[PDB]
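Taking it in order: structure first as structure tokens, then the write-up.
Every protein chain but one is kept in place in this view of the complex.
In order of appearance the chains are A, B, C and D, and numbering begins at 1 in each one.
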Amino acid sequence: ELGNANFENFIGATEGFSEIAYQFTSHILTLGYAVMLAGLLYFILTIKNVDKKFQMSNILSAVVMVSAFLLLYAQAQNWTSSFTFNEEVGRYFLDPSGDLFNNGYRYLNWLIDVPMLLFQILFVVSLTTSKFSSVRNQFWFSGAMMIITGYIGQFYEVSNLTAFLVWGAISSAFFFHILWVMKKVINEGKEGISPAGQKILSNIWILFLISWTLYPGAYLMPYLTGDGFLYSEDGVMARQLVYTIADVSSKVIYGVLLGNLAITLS
Amino acid sequence: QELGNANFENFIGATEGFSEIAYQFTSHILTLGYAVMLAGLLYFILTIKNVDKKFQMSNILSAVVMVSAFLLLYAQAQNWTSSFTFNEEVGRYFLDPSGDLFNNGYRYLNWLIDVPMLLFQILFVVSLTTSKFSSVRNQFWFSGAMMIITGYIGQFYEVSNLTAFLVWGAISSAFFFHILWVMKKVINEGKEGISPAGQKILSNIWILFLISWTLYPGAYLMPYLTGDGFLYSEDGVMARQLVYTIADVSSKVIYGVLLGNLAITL
Amino acid sequence: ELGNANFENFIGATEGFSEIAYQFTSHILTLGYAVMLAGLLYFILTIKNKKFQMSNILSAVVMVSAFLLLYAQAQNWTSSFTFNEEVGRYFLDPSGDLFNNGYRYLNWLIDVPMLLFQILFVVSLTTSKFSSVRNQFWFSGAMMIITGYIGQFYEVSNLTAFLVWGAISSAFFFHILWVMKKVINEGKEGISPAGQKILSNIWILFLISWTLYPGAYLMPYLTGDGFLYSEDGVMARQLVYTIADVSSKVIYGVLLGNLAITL
Amino acid sequence: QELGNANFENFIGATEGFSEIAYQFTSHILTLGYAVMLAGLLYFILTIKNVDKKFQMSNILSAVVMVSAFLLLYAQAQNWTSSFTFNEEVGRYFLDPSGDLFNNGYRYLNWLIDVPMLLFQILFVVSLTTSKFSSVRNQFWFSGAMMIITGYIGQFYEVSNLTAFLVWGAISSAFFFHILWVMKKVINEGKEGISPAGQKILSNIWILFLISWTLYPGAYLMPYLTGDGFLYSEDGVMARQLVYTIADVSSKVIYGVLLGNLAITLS
Partner (left out) sequence: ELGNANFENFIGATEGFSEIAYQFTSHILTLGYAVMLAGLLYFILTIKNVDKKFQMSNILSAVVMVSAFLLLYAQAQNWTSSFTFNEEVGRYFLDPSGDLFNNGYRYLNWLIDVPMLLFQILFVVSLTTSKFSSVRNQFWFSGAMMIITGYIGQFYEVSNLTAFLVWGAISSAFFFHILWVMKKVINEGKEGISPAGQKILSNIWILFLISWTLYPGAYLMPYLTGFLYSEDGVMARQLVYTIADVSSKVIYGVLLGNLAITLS
């Protein structure tokens, strides 16, 4: 009787996880937060490589790295806590005492970092037509709502597909509205800056586009092959891999690029 | 079980128990809480040279509060996760005696340090007119401590004895009004003799300070805010913990930022 | 069969601690080490605000140790007493080791010398000799702690040795108080009325705060089986120890930073 | 003994168990490992200004490496101590299922970060002649990632499936010799133009880079380096973890130290 719990638990409570499935998910989750802390050191140490007016970028990246590190750390410990090795069957099964696994830790992280990552770009690029304050608010309203909704939905990823997908959809709505506004910003930013700067913003968009799309992919990860192929421990491994890749990208790499764009203008 | 003078969370967790969502959300939000604090710290440290030397005590005090909050909020979080365990038979989280009872005391005492720091740091940005610096500082510190110490007491009796609960709570409320009376008196005098940019910020700092500080007494009473009503359940717990976290973030981080920003405009 | 252990354990192994008693003591102890780390940040950031800066450094050195040890204490408290669902009280849990204020005490081995030796980097002595005033502070400082450290193991198993070492320790205490007075005075010489007013406030603080420790030492026996030979005695002791440590190290170091400004 | 695709440490730990020396050493050597990482981190962060502004990216990258290695090598050590417990009856450390199985995985995924960094950093200290910056970088990265990933997979079969083990191992090696080649090509193109001091360092760096990195494969096969012979036991585990440590200290710390000197002698 799990209830509204993540499908990792249902997998752990029945089939269990193999050494490879458990270990990899464990390592990939550790790598996640180890990367975040490394990223922090990088942003701080490179604060003096850019002018004074672009530094609020590096700062926000650093703030995000911290936030991320703590929650990705909690998340990794949640994984290892919630699944124990069964010596008589050689598999890792749900361990009631260590609490049920939940990705909500990561989600609420987003609630902090999304608004940060979308806002910090406004400190490097200048807006031609659109208004700083307005673009920000939209980013923040859509950003928050996008997570709050998705956060709510993922609870029902097994106990209720309908609610799962409805919320997932309402979330998706706001998602595109961010993409829209971002593309808008990227352009107005390319207006009046060295080709080098322009090239960097372009690569930032590709990165922002791919990475941010991976998230909803992981949100559905379990069903992307209808009790198919990804409704198993393979689906769990995949989901966490994507998540970790997504974070490293949409945070660290994203921030690095913005740091270079800040130097190109500096 | 026999709990005695314990917080209302423990009685819910010792009877109904907590549903996955209720327990997980509370666990998450409490984690977000202390994550934000350490992040905010990084911000306040790195934005120190963004303001004159005379205003840098503000940022410094903000950074101090951050560390303060991080440690205690961290403790308050681990107090949650360890005081409630999953029951595989009914799939709900129930009071785990060995992990110590849950108490919001860690947080309350977090304030005992910070309430003074927050009321004090604004005095390193603004300048008064008819009020003595120390005179204000003292009234803050006295009313600040008395407010918390009296509330800290009462919240031990929120379940075991409502009359004491409300009495101590009320006595605390008195000191609460006094601190508002004074802080409003301080933002007026502070607004006198400054620019238009600062004038606007402090007006924002006020409403913020107002809404966020009112939340606390709201959370204090949470359970009893709908008469065995609707909030005398796990929902009441979720609400409370959410409210605290939002507030704590606002009262120290947003608040800290607004002040730190106001120091820049100078 | 406890043996030479703090009276927290005897209370915990018999009456047990009530929610309020165990929680408050647990909270106050947490606050304790929280304040230390917070302070660490303060003293590292205010270093600017050059000859005096060794003061801020030493304060920071105290903060670090304080945090690490006061933290250990808190965890020692929480892991040594467990809630009993049947009677609803926190009783001694052996597996988590017996409680002991020994962590605090050894913290003092470090902090006491530093706190004393640091004021010498702000004020300027008249006729007294820097290195001499230092050695006294250190020899006495160390002895005061080592002796009291020994005595507190007997605060229950042997009321005599407890008081003997206690008394001995108290000798070094008064000594230190004497020297520190000789420093406050010689410091007041040749500085604005502000610089003085500060050192005066430092004296009162240092006097009151440092007297709280020996009060805590006897806290159990400050009302004769009295009112303070119970959980309330444990609360009190730990409240006092935290109040002192915050005053003697943080507020203290802050006042030395302010005097370091007027100068 | 139904372990599955697990490292040979568990197979020893669940059968013969580890003696005091064997378990303790491994435990110590692992801890020293992540201690050196945090020690070195400080060194790089404090020597940032001892080199001109264009070379500093090296110092900074080394610092980043140090942090990751710290955490993951920490996790690794905690993995070892949690996965084996003393048995009073026979005084030997045996596998403790509750504390999860042991797996060097933590260290491997460490490399995912650190291998690209260590390779990409030297390109901030030296100047190239024929081959271009980006081209060298991407071959380092692509190859680096593949090498680690194919090795990471293979080590899961170091017992359950000897073939798949050696197969991937070899596949990894391919990407390895590729990295060696492209590196010596960089060391050389680097020596060109710089003082006999910098040139002297690069020489030293190469020696290091070659040895240190060769040690990894050595660890990979540690158990099978003496056939069921002598290294299929607790000693084999000791030897492996010792090597992994020596190798990680050399490949990242000593290495980054040398790239620091080089950055100095090029100011």
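Following the convention adopted for this analysis, a residue touches a chain if its C-beta (ideal position, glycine included) is under 8 Å from a C-beta of that chain, and two chains touch if they have at least 3 such contacts.
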With respect to the chain omitted from the figure, which of D:36, D:60 or D:266 is a touching residue?
-> D:36
Decide which residue listed in C:23, C:26 or C:107 touches the omitted chain of the complex.
-> C:107
Considering the whole complex rather than only what is displayed, give the residues of chain D touching the chain that is not shown.
-> 19-21, 23-25, 27-29, 31-32, 34-36, 38-43, 46-47, 81, 85-93
Considering the entire assembly, which residues of chain C contact the chain that has been omitted?
-> 1-5, 44, 47, 57, 60-62, 64-65, 68-69, 72, 92, 94-95, 97-98, 100, 102-103, 105-107, 109-110, 153
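The rule we apply is simple: only the chains that are shown with their structure count from here on.
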If you average the CA atoms of chain C and of chain D, how far apart do the two points sit, in angstrom?
-> 46
With chain centres defined as C-alpha means, what is the inter-centre distance between chain A and chain B in Å?
-> 28
The distance between the C-alpha centres of chain A and chain C, rounded to whole Å, is 46
Residues of chain C engaged with two or more neighbouring chains = none
Could you classify the connectivity of these chains, where an edge means two chains touch, as line, ring, star, complete or other?
-> line
Could you run through all the chain pairs that touch each other?
-> A-B, A-D, B-C
